[PDB]
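Asker: Residue strings, one per chain:
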Amino acid sequence: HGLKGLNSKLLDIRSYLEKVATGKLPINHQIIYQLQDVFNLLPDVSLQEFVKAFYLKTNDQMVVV
Amino acid sequence: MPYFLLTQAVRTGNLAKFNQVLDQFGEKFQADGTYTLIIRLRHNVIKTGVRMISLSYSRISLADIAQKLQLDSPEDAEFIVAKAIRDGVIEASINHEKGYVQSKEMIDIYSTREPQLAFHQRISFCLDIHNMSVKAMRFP
Amino acid sequence: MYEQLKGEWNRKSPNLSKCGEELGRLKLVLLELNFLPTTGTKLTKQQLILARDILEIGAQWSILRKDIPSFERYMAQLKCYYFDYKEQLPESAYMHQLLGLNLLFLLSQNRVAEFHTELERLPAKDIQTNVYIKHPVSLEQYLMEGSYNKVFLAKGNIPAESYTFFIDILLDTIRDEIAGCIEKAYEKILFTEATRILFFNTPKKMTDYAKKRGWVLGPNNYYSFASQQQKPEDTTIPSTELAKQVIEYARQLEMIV
Amino acid sequence: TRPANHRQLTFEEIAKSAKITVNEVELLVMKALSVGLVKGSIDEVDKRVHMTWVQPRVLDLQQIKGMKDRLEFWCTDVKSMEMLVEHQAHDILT
Numbered sequence: 196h197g198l199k200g201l202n203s204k205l206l207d208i209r210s211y212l213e214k215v216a217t218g219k220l221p222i223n224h225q226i227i228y229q230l231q232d233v234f235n236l237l238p239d240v241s242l243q244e245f246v247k248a249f250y251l252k253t254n255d256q257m258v259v260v
Numbered sequence: 358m359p360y361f362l363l364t365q366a367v368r369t370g371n372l373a374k375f376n377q378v379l380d381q382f383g384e385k386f387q388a389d390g391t392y393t394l395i396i397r398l399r400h401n402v403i404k405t406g407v408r409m410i411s412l413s414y415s416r417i418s419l420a421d422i423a424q425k426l427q428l429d430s431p432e433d434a435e436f437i438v439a440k441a442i443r444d445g446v447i448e449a450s451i452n453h454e455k456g457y458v459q460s461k462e463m464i465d466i467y468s469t470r471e472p473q474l475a476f477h478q479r480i481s482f483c484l485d486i487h488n489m490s491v492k493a494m495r496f497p
Numbered sequence: 001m002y003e004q005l006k007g008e009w010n011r012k013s014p015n016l017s018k019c020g021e022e023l024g025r026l027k028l029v030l031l032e033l034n035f036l037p038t039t040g041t042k043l044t045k046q047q048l049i050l051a052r053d054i055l056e057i058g059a060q061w062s063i064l065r066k067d068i069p070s071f072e073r074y075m076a077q078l079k080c081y082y083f084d085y086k087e088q089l090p091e092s093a094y095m096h097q098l099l100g101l102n103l104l105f106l107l108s109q110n111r112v113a114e115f116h117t118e119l120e121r122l123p124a125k126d127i128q129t130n131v132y133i134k135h136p137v138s139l140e141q142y143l144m145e146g147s148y149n150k151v152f153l154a155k156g157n158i159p160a161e162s163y164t165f166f167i168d169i170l171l172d173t174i175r176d177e178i179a180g181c182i183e184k185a186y187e188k189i190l191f192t193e194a195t196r197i198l199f200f201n202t203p204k205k206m207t208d209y210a211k212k213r214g215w216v217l218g219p220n221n222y223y224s225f226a227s228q229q230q231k232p233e234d235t236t237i238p239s240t241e242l243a244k245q246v247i248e249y250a251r252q253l254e255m256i257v
Numbered sequence: 283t284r285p286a287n288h289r290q291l292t293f294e295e296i297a298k299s300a301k302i303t304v305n306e307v308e309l310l311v312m313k314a315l316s317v318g319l320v321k322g323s324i325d326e327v328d329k330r331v332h333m334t335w336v337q338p339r340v341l342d343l344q345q346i347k348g349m350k351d352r353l354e355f356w357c358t359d360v361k362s363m364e365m366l367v368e369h370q371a372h373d374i375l376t
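Chains as they are written, first to last, in the entry's author numbering: chain Z, 196 to 260; chain V, 358 to 497; chain d, 1 to 257; chain a, 283 to 376.
The following block holds chain Z by itself, in its conformation from the complex:
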């Protein structure tokens, strides 16, 4: 249910830019997407060194097994 709120906040940000891209309500040029302009650059998933995170996954596996 921590992830059931991840799509719940997602479905709220889903509905907002549908009705302002449509263009009903006036676009808040100050904070409503400028803070989102800060947001939309940092899911970094660069592979070939973060692929080498997964012997620590093997290390976390090793104590269990």
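Worth flagging that the hints you see were computed from the coordinates, not collected in a lab. Each hint can be trusted.
From the derived model, a few chain Z residues whose C-beta atoms are all more than 10 Å from chain V:
(1) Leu198
(2) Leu201
(3) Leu206
(4) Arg209
(5) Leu212
(6) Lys214
(7) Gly218
(8) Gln229
(9) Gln231
(10) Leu236
(11) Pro238
(12) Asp239
No farther apart than 27 Å at their CA atoms in a straight line, the calculated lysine-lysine pairs in the BS3-like style are these:
(13) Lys247/Z with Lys231/d
(14) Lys134/d with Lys374/V
(15) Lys155/d with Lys125/d
(16) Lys350/a with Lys199/Z
(17) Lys247/Z with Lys321/a
Every residue gets a Cβ at the ideal spot worked out from N, C-alpha and C, and that includes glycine.
Assemble chains V, d and a onto chain Z, guided by the hints.
Answerer: Showing chains V, d and a alone in chain Z's frame:
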């Protein structure tokens, strides 16, 4: 005595001894029900050395493996190496540009990616021991 | 009834109507009674003598006309007649080359696992005598180690009948495999390497592999492109299924008490 | 223009689009780091410029349309793969 002296002749490159002890100990092979070795192990008589060379050497020329397998011909020794890699005897590759036969790469992602694909069976086997213990526990 | 045991066997068989008579001969024998129990009774083994012989000459006329699903059909019923449980059944003098036809056909269509398990029913005929059977097992031994050329230099020696309808297929399925090795990243050679490796100073075989394969002759230089793929990888692909595996770890720790 | 898909920009793209010479792309990006509208880094053996960027500004309604499609791909990844976890671990959930 037959089987220890059999692999004695297999490890060396001698075939006249290999045919002699077939003739010497074939009747013992009749009692064991294993006639078929003479038709299918003469394959590996030439393939044991090329497994031994390609494990020892790392980047060999085909001109030198001809005398090392004492084949005295580099032109068909390409095909023996081609058949062994076709059968997956050695994982190595051939450079058909100037005569190089190089082996595989270094020790791979074995330290990182593999070991959980061994660990999954050992979790599942040991908790089933715990499961088969608990279920069969209390008869009174 | 008792239809032409040596009718058009010896001289020639250009027949198509005696093929229908042989078709009717199959409708005669396999509608007489049966061949399944075979307890004793040499008298009811007498049609079993002829049922072998008409399928032998049926297999003779099959390789005379090159029918591929028929040749395995007649040979299986012949092998089912050497699968006889009560085999009194005196030795027909065609058996060793008939099995040699089966031994060469089943070698040719890449049934190599079926090849060696077929060789179990032969006790000692492979070593003592029987060059009809000794020739394909010497052939398979030549395919073992590295020896391609001893196959093609023993091409001009068949002690049996011509065997040509099998060995044309047998060598063609050799040639495309070496072609399958040279259609890899081995980039460019000349016609003289296709003369050495493949064979044959110039027939229209260089036309054969120009149209079947690629191998365009440039400025006295062939061309074979790179067959190497790109290998698309992510290596975090099992992130779903590894998250699955840890769930049934704790599911098998809890919940089953 | 490329929103951190492969944000490691090569030097020739800057030297062409800014129409500046090749030797002055480094002094140009050290100035932009000195002002503080970008927080990237510079390689010089490969001369590729790595980018981490925190400066916001206006984004001109058409770029909301592309932001909708990225949010919709973002939707069905979160939604469906939660249905995988819930249906797998349903009996220990309670």
